[PDB]
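Take a look at this single chain, the form deposited in one PDB entry, given in C-alpha cells.
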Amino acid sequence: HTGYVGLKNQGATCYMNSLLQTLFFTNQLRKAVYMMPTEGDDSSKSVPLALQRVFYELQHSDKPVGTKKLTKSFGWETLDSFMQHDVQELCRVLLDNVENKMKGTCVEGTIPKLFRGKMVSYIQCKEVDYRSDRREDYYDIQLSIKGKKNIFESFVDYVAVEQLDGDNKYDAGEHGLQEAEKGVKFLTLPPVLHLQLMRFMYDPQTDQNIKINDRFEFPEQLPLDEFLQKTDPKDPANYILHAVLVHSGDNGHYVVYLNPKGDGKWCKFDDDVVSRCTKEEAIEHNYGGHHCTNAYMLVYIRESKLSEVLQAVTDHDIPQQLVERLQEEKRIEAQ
C-alpha cells in the first residue's frame, strides 16, 4: 500500500497511536531504542522492551500493530488515564523510561541530544539593580493559541515580558518587595522540536473546558533564529515540518499526518489505515476555522540535522538477540 503499517485501535488510547508513529519515524531514536540492553528485562513489566516490540512490529509486520503490552507496561489502565493526561506527559513517560534504561549504556544521552534545548528564565526589577537568571532545560514547548494568528505570534507571546507590579510584586529579599519583569529567552533549539498547541482552556460558569477551534497557522518551514539570544551561522534555526498530530471533535478522533522521509511526501495515519495525502490536507486543512478538526501537536526537525535524525533504518540494525526474543514471543502467540 504505502510501505508503512498502522496501529490497531484497542481502547481509549487517544493520542497514543499518533505519538507512536511520530516516535517511530524518529529514526535515530528508533535505532537507539533497538540497542537497549533489555535481555534480562521482564516482558510484561519493561517499558523499553514493549517499545522495542512495537517498533519492530511497525517496521516488519504487514498487519496492524497492537499496543496492549505497551499500555500495560507503563500502567495506564484507569478509565480517565488517557483523558486525564496530555501528549507531552505520555511522551515524557516513554522517553524518561527509555533514557533511564539507557543510563550506563553505549547509547546513553540520545534523548537529550535529540529533544533537549536550553532556555533562560530571567527576573529583573526596574527600581533596584538585581537580576536572577535561572537556567532551565526543556524537552517540549506548549504554545498558546487563543488570540494568536500563527506560530510566530505564539512564540512572541512565549518570550513576552510579564510585568510584576503592585499586589503581585517580586520579593527581592534584601531589596524588599519590588516591581519587576519576568521573561524567557531561548538559548538553543533541539534537533527535534516538539511543539504542543493549547486548544483547551478552562471556562467558569460553563462546561469547564471549551475546545478552541480557532484558526491557527503553522508553516512548513519555521525560522526561529530571531528568538535566540545569540545565533550561529552555518547552523541557523530553520526547521522543517515533520509531524502534525490532529484531533477532531470536542471535549474525539486522533490522526497523525507525517512525511517520514522529510521529502514532502505526506501520509495520513488513521490507526490501522495509512494512506497518501496532499500537503494541503496535512498543513492547510488543519489550521482550524468555522470545523472541529485542528492540529494539537507539531513536530519540527532542524534542517541541519535532518539526515542524521532520519537515518535510513535497515532490518539489520535490530540486534539479532532482540529479534530472536521477539520471534520467540511471536511463536508462543502463534501456538
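Heads up, when I say rigid core I mean the largest set of C-alphas that superpose within 1.5 Å between the two forms. Positions refer to the first chain, counted from 1. What changes on going to the form deposited in another entry:
Comparing C-alpha positions between these two forms after a rigid core fit, one residue in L143, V184, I210, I240 moves 2 angstroms or more. It is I210. Once the cores line up, the CA of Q221 ends up less than 2 angstroms apart between these two forms. When the rigid core is held fixed, the Cα atom of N168 travels 2 angstroms or more between these two forms.
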The other form holds:
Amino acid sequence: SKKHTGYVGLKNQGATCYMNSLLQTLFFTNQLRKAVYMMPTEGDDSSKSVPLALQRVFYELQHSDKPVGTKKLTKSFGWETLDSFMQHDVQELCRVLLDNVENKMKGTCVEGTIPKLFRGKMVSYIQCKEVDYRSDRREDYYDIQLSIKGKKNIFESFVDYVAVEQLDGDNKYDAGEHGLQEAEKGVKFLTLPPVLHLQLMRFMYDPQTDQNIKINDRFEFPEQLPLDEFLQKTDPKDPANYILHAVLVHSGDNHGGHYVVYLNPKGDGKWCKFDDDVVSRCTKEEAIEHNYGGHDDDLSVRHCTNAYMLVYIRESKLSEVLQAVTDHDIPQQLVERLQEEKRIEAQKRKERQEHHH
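Let's compare: the form deposited in one PDB entry is above, so bring in the form deposited in another entry.
The following holds one chain only.
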C-alpha cells in the first residue's frame, strides 16, 4: 500500500534480478523523469519502444496505487530471461536504458539531459620517467567501478582508484621509437557529475573456483562524501560534496538471491526500503550501516547481504536533480496514449483468455 510511504512498488515478475532496484533509482532522479516524459513517442510501437515503455513505468510509478508491472519494458529491450540479467552488470542495464532515452531526446527540448546528469570527465595517462613522452586518453564516464577488496571505505577506494602505478622491471611501457621505458600510469578525475553512480566491485574472478564469486567483505560508505581531493583542479564556488541518495542491495550468493533498494528520494535523510511490491519506511541505519556487510569477527551466519551500488548527488545540484514533479510535467498527449495502451492491453488479455479457455 502506497498509503504508508507515498511511494508504490514494482511487481516481482520473471527473473529480472537488479532491474526493479535500478528502475526506482532512476524514477527518483526527478530531473531525468521529467525529461523522459518529454520524449516524442507518439509515433512509437509499444512492443518495441524502450522510450515509451520507460514512460509507462515512470507514469505508473507516479500515479498507480498498485504495484507496477515491467513485462512490456523487458520485452522492449529484449532481456526476457534470467540469462540476460546474468550476462550483464547493473551498469550495463543502466546504459541500455539511458542511451535509449538520450537518443530519443535528440532534437527535443530535453536533448542533453543524460550527459548533463550523469557524465563526468577523466583522463588516463602513462608518463615516461626517463624520456619526454606522455600518452593522454580523455574519456567520458557515466559510472565508476570502485575496488573494495582490502579497502575499508569509499575514501580508501577513491585513493586506490587514482593511485599511481609503476611500470618498471619486466612491466616496462612500450614507448614506441623510445623503446621499452620505465613509466607511471594513472587516472585523474577532471569532473564529477551531478548524479554519481558507483558500483562496488563485489563480483570478483576467483582462480580456485574458476568463475566470478560474490565477495561479502565489510565495506563502509558515508551519508556525506567529500571528493574535492580526487579532482585535478577543484572549484571554490562548487566543491565536490556528495549526498547519499540510493543504496542498491543484494542478499545471497547468486542471481536467485534477493534484490532491494533503499532510497531517501528527497535527499533529506528520510529513507524507505523498496522490496518489489512492498515499500516501507526504514531507519537511516537500516539503509546505510546495515548494508556495509557483516563483521568478520561474527561467525553466527553467512553475511551475504550488502550494498553493490550507491547513488550520490552533488550538494550544489541536489535541489535541481530532485526538483519537484507534478501532474503538469506529464503531457496530456502521453497521458492519453498511456490510457489507450491500457485499453489495448485490457483487450489483448480477453482475446488470449478466449482462445485458451
